[PDB]
Amino acid sequence: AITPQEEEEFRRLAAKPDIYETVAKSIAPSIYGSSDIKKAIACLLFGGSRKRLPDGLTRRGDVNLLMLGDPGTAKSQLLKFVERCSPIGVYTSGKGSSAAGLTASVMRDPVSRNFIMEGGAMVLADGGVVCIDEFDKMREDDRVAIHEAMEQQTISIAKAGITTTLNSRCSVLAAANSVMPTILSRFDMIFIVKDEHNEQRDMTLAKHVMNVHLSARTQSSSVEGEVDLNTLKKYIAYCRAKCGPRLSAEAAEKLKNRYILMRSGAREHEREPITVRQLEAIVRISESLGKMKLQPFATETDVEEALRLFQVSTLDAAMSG
Amino acid sequence: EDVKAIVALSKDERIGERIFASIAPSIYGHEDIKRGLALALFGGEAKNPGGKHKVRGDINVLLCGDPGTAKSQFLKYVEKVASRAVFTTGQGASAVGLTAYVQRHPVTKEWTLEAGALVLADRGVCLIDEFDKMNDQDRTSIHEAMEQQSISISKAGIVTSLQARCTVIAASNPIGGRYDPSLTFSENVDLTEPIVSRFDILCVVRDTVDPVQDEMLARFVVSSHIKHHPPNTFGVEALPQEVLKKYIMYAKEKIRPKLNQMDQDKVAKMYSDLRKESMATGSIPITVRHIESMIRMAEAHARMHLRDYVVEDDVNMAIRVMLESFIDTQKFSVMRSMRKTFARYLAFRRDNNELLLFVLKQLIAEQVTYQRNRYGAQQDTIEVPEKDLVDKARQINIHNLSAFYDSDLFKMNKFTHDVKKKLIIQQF
Amino acid sequence: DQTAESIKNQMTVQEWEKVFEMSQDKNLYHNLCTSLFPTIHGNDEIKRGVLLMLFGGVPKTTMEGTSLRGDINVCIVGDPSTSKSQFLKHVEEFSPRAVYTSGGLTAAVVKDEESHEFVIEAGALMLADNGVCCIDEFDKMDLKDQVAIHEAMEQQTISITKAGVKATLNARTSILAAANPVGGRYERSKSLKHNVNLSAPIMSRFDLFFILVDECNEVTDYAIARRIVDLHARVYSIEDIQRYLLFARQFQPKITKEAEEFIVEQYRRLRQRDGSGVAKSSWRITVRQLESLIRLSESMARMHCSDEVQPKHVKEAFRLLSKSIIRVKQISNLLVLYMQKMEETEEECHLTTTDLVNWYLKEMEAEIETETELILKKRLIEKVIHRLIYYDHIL
Ligand SMILES: Nc1ncnc2c1ncn2[C@@H]1O[C@H](COP(=O)(O)OP(=O)(O)OP(=O)(O)O)[C@@H](O)[C@H]1O
Ligand SMILES: Nc1ncnc2c1ncn2[C@@H]1O[C@H](COP(=O)(O)OP(=O)(O)OP(=O)(O)O)[C@@H](O)[C@H]1O
Ligand SMILES: Nc1ncnc2c1ncn2[C@@H]1O[C@H](COP(=O)(O)OP(=O)(O)OP(=O)(O)O)[C@@H](O)[C@H]1O
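Protein chains in written order, with UniProt numbering: chain V, 314 to 492, 508 to 600, 608 to 656; chain L, 444 to 673, 689 to 886; chain E, 321 to 423, 430 to 559, 567 to 661, 718 to 784.
Because the hints were derived from the structure by calculation, they are not lab data.
Backbone N, C-alpha and C define an ideal beta-carbon position, used for all residues, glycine too.
Just so you know, not all the hints are guaranteed correct.
[What the hints assert, rightly or not] Computed footprint of chain V on chain L, listed as stretches where at least three residues anywhere in the stretch have a Cβ under 8 Å from a Cβ of chain V:
#1 479 to 493
#2 563 to 577
#3 581 to 588
#4 720 to 727
#5 730 to 737
#6 747 to 760
[Unchecked claim] Label pairs and their in silico Cβ distance ranges:
#7 L:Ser-667 / E:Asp-547: 32 to 42 Å
#8 E:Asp-547 / L:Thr-874: 56 to 66 Å
#9 E:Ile-778 / L:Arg-649: 19 to 29 Å
#10 E:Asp-781 / V:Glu-596: 43 to 53 Å
Generate coordinates for the entire structure from the input sequences, incorporating the hints supplied.
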């Protein structure tokens, strides 16, 4: 249910060259700082492009994040905000009420003796986002379910004779305090959210918190330069349902050259690593940017930005550890 | 007429000392515990930053100490004083579950609700003893229940949300049987990090030898036995319990402390300096949650003195309490360094004679340890040259010891000053 | 009936005469100790403790709604085959209300579905109410039993919740549990916590913690062998002891001012002893030691039939309690050496490593004249450096 006026508004908004930074700022206005994390969340929200080959195998187009860091960095608020901006979403907190279900279950209603086949939260969030908090506290059964869903994207139910396989194609955004290793390997971008003691940053953060507490009465005050949540929802839905981009030949050449150089340098350093999986992750990030700008081809600048994001998140996480 | 009496009490500026003395009259010492309990009882004003966030007005307190250090007495007093109080425990023996849960009725095969301790204490004071021992379900649900103050359930179509907004005042025992000052607070307590992080005021009750307090406590216990047969440390009037209850009820009905008067610059500077010390030393860093706790304690003080506006004195008191707790939670060397660095804020509204008493206690400890090291046994009377005390007072820029000698606290601790010999003599 | 004179009216004239004779006995303590446990040889302190437990203390209740303990508990730890179970056996023989177990104990709520009533079968603790509950093999109890015992010792109640039936049952009794040290050999080097496998609160609630050692004394071995052979080959009768015990329990002595001051002085002395680092104590003292001392003084006053506590009773109780606690040069001088280092660090900025050590030699030598002591000080400094060099740790 979108009027032509809203479609015209979306076209005008996407036509701007600064749409990427605007979307980055629009995410979580209350939380101060962490621009790179906001950009990564934007990339996750817009998502990659799904493909199908003649053999019948389908390459997935989802992007998965993971936020590790010290407590008190407002991960939960960010996850809740993300859950309210995707067209489809769900919030499950680890080990709390078994983190919702996360597993398709077959219970038996005792009075009626019938068998009911509720799907897990992942099934309910097909084609959307699944925000998980306290990832390390997950129950073992839900850990198995997560391991299965992130690999094959098909949740299977085999209990009490009933044997079916459901479908779950969701982008997983999880946050944990500290370090299962296989699942951490499945994730595309791993952000280690550290802390800084810049006096200006600390003073600004303290002032912002104090001002929020002071203006609790003045909560009606608005923000400028951002996008309303409903507008963001509609824009995300429209971009997802209209434009699926692809790489260009020059971008492919640049990415291949960068990958070859990176692998040669990594091998030389080990003599004193990046694998194809991370190359595909970079491809999906580039496609997500291209889809965000409503274009049928991703240029070289998208590849450069994806490389920068990957270097900031995954390479830095590997180096720090 | 009762309202006029409450207003007249509000007229007296020095009422905080009165009410602090009133808290737990049977309990001797532990003035930090009494201050924290009074702040918790008076409560802070809650706010709602829209639907996105909610600011709770509770002031939780955690009491980790040593065996035989009067921990349960405080809980009993708070139960007897504060209305809508629920006493529980975590060890077991028909202990009430902390958090509610939906367990299907076994006989009738119907999904049912079983309320927890938190739900039964809504808009009241919840009390827990032996908080270290808990069920795994409770251990995992306490964090979220204290965070959101509401328990939400969804099982087979039963979507019920229970409101649990209560002030938690817990107690526990440390790992190993004694509190080791060399280790941090988290290592001493067998509790996960988030659970400790949820509590605002952390209080440590260590066990040390104080012969004067030992004798006074022995007198108190023996006299209690005699009374049941078949002393103002603050030195200020003690409010009646009933009038105190009326004042507390007034402070929760006809007052709303506003935060218009604030100095964000000093708060920001304090936050930056404390974070500098914490990050440089490598200890536990101060987060925004400590700032929120400070704000809540400031509003609690503003309600405590029945002011619609937060005077900067209340802000300084809140900063003092927060710094004291946070510093005491560190390691011994880290705590010493942080006390050395931050001394102006920690000294707000502190008696000079009190600091002189601390110096005297230090000197007496030195002499006692020397006597036990050399003579093996001790001596009935202790004499130390006054010149060391004068020098240390000059270090803290203090003088006029004669006024301190004339103080009643000097006499109560059995101190005598010999002007001829320049010696301070203490008898046991 | 609770009035002593009322039961005396129930009692016959000869019974009252015997009771008066027992009350006027000067050596009533020794006679009761000998008669209560005739077969066992030696270990008089444990016999005295058990007798004081049998007499008990005066209960009180505060105006605040709380209740004060009026019972004392004794736990015996000793080497195998040291006749520790014999104590429990004789206590059960003497006491008609004693309930012997071997580590069910609390209650059994069996619902009579025929009448739809939750009839509860009393456990060991319930049957031993207002008396003595002897629990052998105290260290073999399961975690549930340990929790139940701690709850009984802390709140003198028994809480049960079976089939959705929550109930609280009162239980006021004294425990005479006995257990063996871990491994069967008591290491005097280790403290009571290491020797005995028990949870900390349960260990803390106990009083009069007596410890038994074989000691392999040849004379005692000869006496034991002769006693065994004679077995193969009492001043007051048990009935008289029971009558006198009931008469004494009907009394209720109260503390006096002089006894109060003496109690305060003795508590100060005991706390100073514990705080002293001359010999490490097997268990740190608290206010619970003072409460136990008060209970023991009340028990002594009951036994001597006096209606008020007197300083002699406090003297006896303090002697017994002091003998109950077992205490487990280089460190002595090292403490004052650290004191001097710390004081000089605060007072004076200069702080050298080895030159200050040479100065501390004479500093500690200010009252002694021995060069061998000086080389020993150098060796101690070397060992300390092997461990630490005035590190930021406390004490
Ligand atoms: N810009 C900010 N940076 C850091 N903390 C912030 C910021 N703005 C607000 N906060 C506060 O920081 C706290 C962090 O809350 P939240 O539970 O979301 O994070 P967390 O402690 O990292 O989470 P978790 O314990 O679940 O890992 C909240 O009290 C929030 O109000
Ligand atoms: N100011 C005081 N300091 C120390 N002890 C006190 C003080 N006031 C009273 N007491 C007495 O000290 C004793 C300590 O027993 P209490 O029940 O309070 O211990 P607790 O702190 O609950 O112990 P635990 O950690 O084992 O649960 C009591 O008899 C109490 O009356
Ligand atoms: N003074 C004495 N000390 C120890 N044993 C004595 C003494 N006098 C007599 N005995 C006899 O020596 C034996 C002591 O061993 P006993 O079987 O009573 O040990 P126990 O306490 O039951 O040991 P455990 O519980 O460790 O197995 C008994 O037969 C007892 O009658």
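Comparing the hints with the structure gives:
1. Figure legend: the stretch 479 to 493 of chain L, annotated as covered by chain V; annotation consistent (4 residues with Cβ-Cβ distances under 8 Å, at least 3 required).
2. Figure legend: the stretch 563 to 577 of chain L, annotated as covered by chain V; annotation inconsistent (0 residues with Cβ-Cβ distances under 8 Å, at least 3 required).
3. Counting residues of the stretch 581 to 588 of chain L whose CB falls under 8 Å from any CB of chain V gives 3; the rule of at least 3 is met.
4. As drawn, the stretch 720 to 727 of chain L meets chain V at 5 residues by the rule of a beta-carbon pair under 8 Å; at three or more, the given contact holds.
5. Here's how the stretch 730 to 737 of chain L fares: 4 of its residues keep a CB closer than 8 Å to some CB of chain V, so the rule of at least three is met and the hint holds.
6. Counting residues of the stretch 747 to 760 of chain L whose CB lies closer than 8 Å to any CB of chain V gives 4, which reaches the minimum of 3, so the coverage claim holds.
7. At about 50 Å, the CB distance of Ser-667 of chain L to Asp-547 of chain E disagrees with the hint of 32 to 42 Å.
8. A hinted range of 56 to 66 Å for the beta carbons of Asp-547 of chain E and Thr-874 of chain L is consistent with their spacing of about 59 Å.
9. Look at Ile-778 of chain E against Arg-649 of chain L: about 27 Å separates their beta carbons, and that is inside 19 to 29 Å.
10. Checked against the hint of 43 to 53 Å, the pair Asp-781 of chain E and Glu-596 of chain V passes, with Cβ atoms roughly 45 Å apart.
The earlier numbered hints that this structure contradicts are 2 and 7.
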